[PDB]
Amino acid sequence: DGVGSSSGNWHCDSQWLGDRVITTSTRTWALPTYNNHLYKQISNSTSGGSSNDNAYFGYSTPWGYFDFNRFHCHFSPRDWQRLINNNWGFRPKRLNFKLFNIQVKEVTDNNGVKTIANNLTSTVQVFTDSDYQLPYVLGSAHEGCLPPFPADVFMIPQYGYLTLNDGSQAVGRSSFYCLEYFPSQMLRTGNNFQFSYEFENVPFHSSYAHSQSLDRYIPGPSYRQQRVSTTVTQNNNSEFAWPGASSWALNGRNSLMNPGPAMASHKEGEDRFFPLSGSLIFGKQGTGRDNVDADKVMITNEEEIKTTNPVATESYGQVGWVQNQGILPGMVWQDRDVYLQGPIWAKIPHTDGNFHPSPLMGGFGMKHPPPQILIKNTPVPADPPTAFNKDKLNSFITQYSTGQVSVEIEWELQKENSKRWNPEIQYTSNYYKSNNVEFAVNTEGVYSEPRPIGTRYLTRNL
Amino acid sequence: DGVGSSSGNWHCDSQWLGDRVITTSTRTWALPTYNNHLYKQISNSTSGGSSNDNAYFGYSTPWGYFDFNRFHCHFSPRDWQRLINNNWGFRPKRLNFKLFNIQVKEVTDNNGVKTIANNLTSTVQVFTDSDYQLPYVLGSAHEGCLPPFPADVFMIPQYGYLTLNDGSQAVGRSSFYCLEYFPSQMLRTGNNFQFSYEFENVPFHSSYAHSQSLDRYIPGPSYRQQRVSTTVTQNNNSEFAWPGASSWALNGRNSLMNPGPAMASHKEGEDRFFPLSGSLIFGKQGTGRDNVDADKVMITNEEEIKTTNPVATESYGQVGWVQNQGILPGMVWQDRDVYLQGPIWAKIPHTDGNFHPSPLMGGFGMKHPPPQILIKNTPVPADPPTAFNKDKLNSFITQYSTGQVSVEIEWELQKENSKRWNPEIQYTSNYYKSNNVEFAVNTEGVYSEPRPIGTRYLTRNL
Amino acid sequence: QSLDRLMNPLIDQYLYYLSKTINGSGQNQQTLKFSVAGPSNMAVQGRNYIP
Amino acid sequence: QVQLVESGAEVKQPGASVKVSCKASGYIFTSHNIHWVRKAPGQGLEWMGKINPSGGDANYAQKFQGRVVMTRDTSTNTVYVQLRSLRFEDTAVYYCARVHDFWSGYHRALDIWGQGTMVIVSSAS
Amino acid sequence: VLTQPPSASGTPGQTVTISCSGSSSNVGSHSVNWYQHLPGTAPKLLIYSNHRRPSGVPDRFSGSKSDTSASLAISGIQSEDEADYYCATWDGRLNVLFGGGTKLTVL
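Protein chains in written order, with the deposited numbering: chain C, 219 to 434, 478 to 580, 594 to 736; chain B, 219 to 434, 478 to 580, 594 to 736; chain F, 430 to 480; chain H, 20 to 144; chain L, 23 to 129.
Just so you know, the hints here were simulated from the structure itself, not pulled from any lab data. For every residue, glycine included, the Cβ atom is placed at its ideal position computed from N, Cα and C. Don't take each hint at face value.
A short list of chain H residues far from chain B (calculated; beta carbon distances all over 10 Å) [what the hints assert, rightly or not]:
#	residue
1	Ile47
2	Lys82
3	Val88
4	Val138
Derived DSS-like pairs: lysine-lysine, alpha-carbon spacing no greater than 25 Å straight-line [claimed, not checked]:
#	chain 1	residue 1	chain 2	residue 2
5	C	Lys258	B	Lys689
6	C	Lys545	B	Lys323
7	B	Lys666	C	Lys316
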């Protein structure tokens, strides 16, 4: 409405209603000025990697984009307990997203100082791709999620995209999207932006671990993985990190199999082996970027599916051994398990055909998944010179813009109907004392998550 | 409405209608930005053993809260004098809270001089826990109250809370409450905030001294204290302050019994003996934080309750002596007096049982007292780099925001019917000339209350 | 939480609790000294309820 | 381990200004304030004021309210005091210390100090 | 600003009570802390708050604070201990106020 009247209010709650849930979440955000207001081009060379595998081409744009794709954004570690213990599965229905209280600050840099002052009149552009015209980056499991802990204030990630390439050079088919050619909304310090969405009907996610093994039909497909041991004396003393890994190949470039079709981590009872590329390995809090050693990374395991899906370090059988196996008729399998830190959706690529589109890293695969939301600051040009020059203006006022962001998703649940007599496994905290509360802020002030959380606890008859 | 037109008006008044009262109060509050917008864990381990009973664990959030819980935030010393003299009993009915004229500031320092400047757009968050989901900290008689004197601009206290621990280390049954997790209205320089609440039915506070001594049904319960004689020579020459405590112990941890069950401070005629932890002890204006002389502090005394309640420094009876007596059938007893400086409501804990919940410091025990009202500045981040960063933003603009607060509480009164022929005891100031009128500012602008004021003056027949 | 620790760890009470009965080691040293019950010392704060 | 590092010494003749640098290594560096204590020979410690790390705004002292200027930088993780008008009177060893709360909201003290800094001010070349 | 004695005697094996005095606003409402300073080296925080000693500090050092006046008394002295001491305090705006140089002599 106006300068002094707040546009929209902080909403962060969970509302547990019958069979369905509503998790709203809010965050605060600052948006810098990316790429100095310039669409640019990037290859491997500008990055400097000379391999063919890592060759790429594409552009990197000013526009920012929001990513809530990760569970830990919407669910608070309480719920994701109450969510898993009590339920045989779920799926989303409706996601509602708002954005309000824009503010624009114009940084000024002096000889030794830079003072921040509001530029009331300045604006912020925002739009959402509802026709899925742009490339869709949310399916790569990128960084830049809304933070898990609401009092955090998260920086918005840049938007760039890869297109077709031969070496670092394009091909005529490689295409270049200019986002400014999309209609968007312009927000001064008083306006807000909100829309709603409807999740297209997907299978419920299956949260449960079969009590009864399949052989007590046939198990599902398998693609082997080199078995690496967290006891580092057991592992062969050779550089098998790259050569050992299985890798699906395309267009003459070998891409590691990450993680690959859902398979069990290890034979029952051996917990120290894991697929080399098979399972997601989340970084612990405080972990650096490069060459980290073992304890700084949590490692998920798929143990709950060891009944149906074959071990990823084992051969599917004999006929001579069979290292890979495609789908036979009459197979059964279960997909990979969604984690508190893991993704929520990805976009089924647009093809003439595909099989069992639900993505590998977990989550709900969709042919119209929730639109991306792109944002940028409409650049204020610095003073022009009094006599015309055909050039585009190369000097701008240094700004960033901050505000609030809030998102409300409605999850739907499936109750536990079991007549089992003896009690279940339930996920819980460990009463025993510790210098810190798990899943809570330490003395330093940095929020840490100790452990992943799977969704499979209750059991069903197979 | 807008930036330039005020969001409220200044009401401080009291309006005496029949048997009920409306007492409104309005003060100014400045709220700084605590903990750099960072929730953090607090515990004292100053030694590997630390302190037996002084060890604690908890968190310290940035939110500030409003404490009006004291009587002298609502009453002008006259309106109190009018209240105690003419009335037997009273009790709150409804409370109205209005919070208006938010004014946000931005502290920017340039070239060695720091200059404050209005930041128009920045917002302030506030909410009232109406489900009593947060820890209730208003019950502990903490400082940070609204100031007694309307012309005093005051500062808002910080909200942090404690939880279960063993030593200085927590245990899984601790819990970490994020306050960001509740829905909270955001306010800019134009908005206000208001809400009302209905007090649950509480027995009147009985303001009167029985005129008819109990022994002329057996007197109420008693838990003995040590006896200290204000005249020092009378006291034993030893360090008996802590050794001679009256202390109930829980989970291995000791707690001094302060004030303990309501008991008359001293026997008839002996006024120089107070019980050690028996009385509330209020400090005079300007009293030092530590080791202040005996006469820097005011000592409440319950002479009025002596007729029914047993004296705090003498044993209850003889069966050998009986030091601590429970509840026998047929006891009667009186409450602890409430004072002008002393608290109003203190929240009843939630248990499976309790007995006579009226809280030991005085006031109105309420399962559902007035909610907390939590407040913080929407964190506004300093210019984030153009290069995307995974980590959260650690640098914010300095800011604080100020404005007004009003509260209006409806008290219901109980008139004096007494048939007494001879005059009552009323509380009146002394005519004797003095350098400064009691209960008013001295020559530096320091509003100083010379004495506590109890509410028990009129009398009744037992 | 627990019944003794219901207090707020950040903010001193306005109640004063006697902390010393003597000045120091010696003779005729009786004295009174009062102090604020505060987060520094939490064992002595005046509390509402008792187990 | 938590550490604070002043730069090397300079020698600057009256009327010259000298900034000093303090490197905060081993901590968040925005949650704690940084106080500048000075000691001129035969004089007690003296407090030039503090900067609020994340805030960027400083609180100077009564005596030094005019001359002293404080600036900081998060990227290089260092903070600067600039004494614009050096005099013979202003000859001292400069310290940067940080407030450290010892993991408690209630307590405040300057736990970590830098190795040191000395400014020799005299017109004589 | 606080007023404390500038020169304080000492002898091996003797405690030394170091006095500091201040107005109610400056020290009454604020906990004094003591810093030990050796010339040519950075100051050390002996006592933070009225009666507490940091992990680094030795058992002998202590602290006794009362209303305005706030003292310090150290035990089992050495000339290896002998250096300059300070009385630090916080006002309402939290300006830090140092009392003055008190340096010992051990002989």
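Practice task
State the violated hints by number, sorted upward, taking the hints as numbered earlier in the document.
Solution key: Violated hints: 1, 3, 5, 6; rest satisfied.
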